[PDB]
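One chain comes next, on its own, written out as structure tokens in the form deposited in one PDB entry.
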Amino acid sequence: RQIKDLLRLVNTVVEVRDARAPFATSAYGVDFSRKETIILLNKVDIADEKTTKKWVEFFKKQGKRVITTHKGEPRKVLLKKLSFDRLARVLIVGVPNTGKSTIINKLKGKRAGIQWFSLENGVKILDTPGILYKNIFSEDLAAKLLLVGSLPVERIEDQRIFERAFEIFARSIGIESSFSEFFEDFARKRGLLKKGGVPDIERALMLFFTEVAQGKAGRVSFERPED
């Protein structure tokens, strides 16, 4: 609804997704089939490269406008990829944490309610992204949204979502150890003890998933189009 308000102001939409989880970070629920929509697969720098290419092929086959990029990509390569039409008025949209502010700041640079900023060719872009929250009752979706850091650990109330997330992590990296062992070792290995000198698993989970989202646990993707 807040987002629906924002959509009446624009004709073009950039959906910023995480390349590691292009389905989980889709903007399902909100309708922008009336807009010109670009699927932007962000953070390819911390994603499994062959999985990224397979997502590109997949979205292409469905006749969708899709690009890939990351923080380090020069502004000029991003604009080149996006190739906005002359009359474009653009909304940057996505679920939390996918890199929407980072992209706006790149698009802005040293450039001057919600206000537009203009590219050198007149194209307008809202300076604030629309944040989409979507409905989560599948365990798998929660787990994937946790892995990309779109969903807070605080907001996870079932331990099986932590185990799902870890199963996805382990499988897609190589690990084969048990959940409980991994996180006991992780909590010691990181100095996370509670009263009595007992490993703080809660904190281990929070820190670990934070480091996974941040790409600090290896170049890893969490879903594949074959899945």
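Numbering follows the first chain given and starts at 1. Between two forms, the rigid core is the largest collection of C-alphas that superpose within 1.5 Å. First, how it differs from the form deposited in another entry.
- Of the residues checked (39, 192, 56, 47), the rigid-core alignment between these two forms shows a Cα shift of at least 2 Å for 192 alone.
- In a rigid-core overlay of the protein, residue 91 has its C-alpha displaced by under 2 Å between these two forms.
- Annotation: Cα of residue 80 displaced by less than 2 Å between these two forms, core superposition.
- After superposition on the rigid core, displacement of the C-alpha of residue 154 between these two forms amounts to 2 Å or more.
Please give the other form, namely the form deposited in another entry, since only the form deposited in one PDB entry has been shown so far.
Next comes a single chain, given without company.
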């Protein structure tokens, strides 16, 4: 209902998280306690390498099965990292925009009611990923889903979420300047002005957060295990 329907069909789950925020992009709530579970930390190419290294050992130390990967990693390498049992049947699960379609497409690759596809050794993978929508109870979670592009900028009505998101960004990257200074500067630098040469702060926020989520603002992670 409806990930609960799909879980019934599988014995293996691949949890596709964003490496920049492994906790905000975890599939909390939904139950994989009786499935073989691989934690996939994705988008390592746009994450802070050192932070990602900390996340790996954090999961390994917990006894958990964890891998890291990104768009540009070869299909062969991903498959080896995955190392699926020959009798695995697989659900790819996660929050929106975390790289699940891209992963399915690479595995697929492409070759040929709920649909499946098969790997060369016959392991079966569900063609469509289970999409997980979270109760956003904290503005911190909303901010973190914004930063990784799970929560699109068009959906943000509350300016406090933008502020929390910046505050997380700023701490991660080392910025000590204020919300106002930073966004005025960003609007200026990118020529985002309205009549009278007034910095368009709203366009600024929209472009900046779009760019952060795409990894265009640098290799930055938003959660640390330390923490």
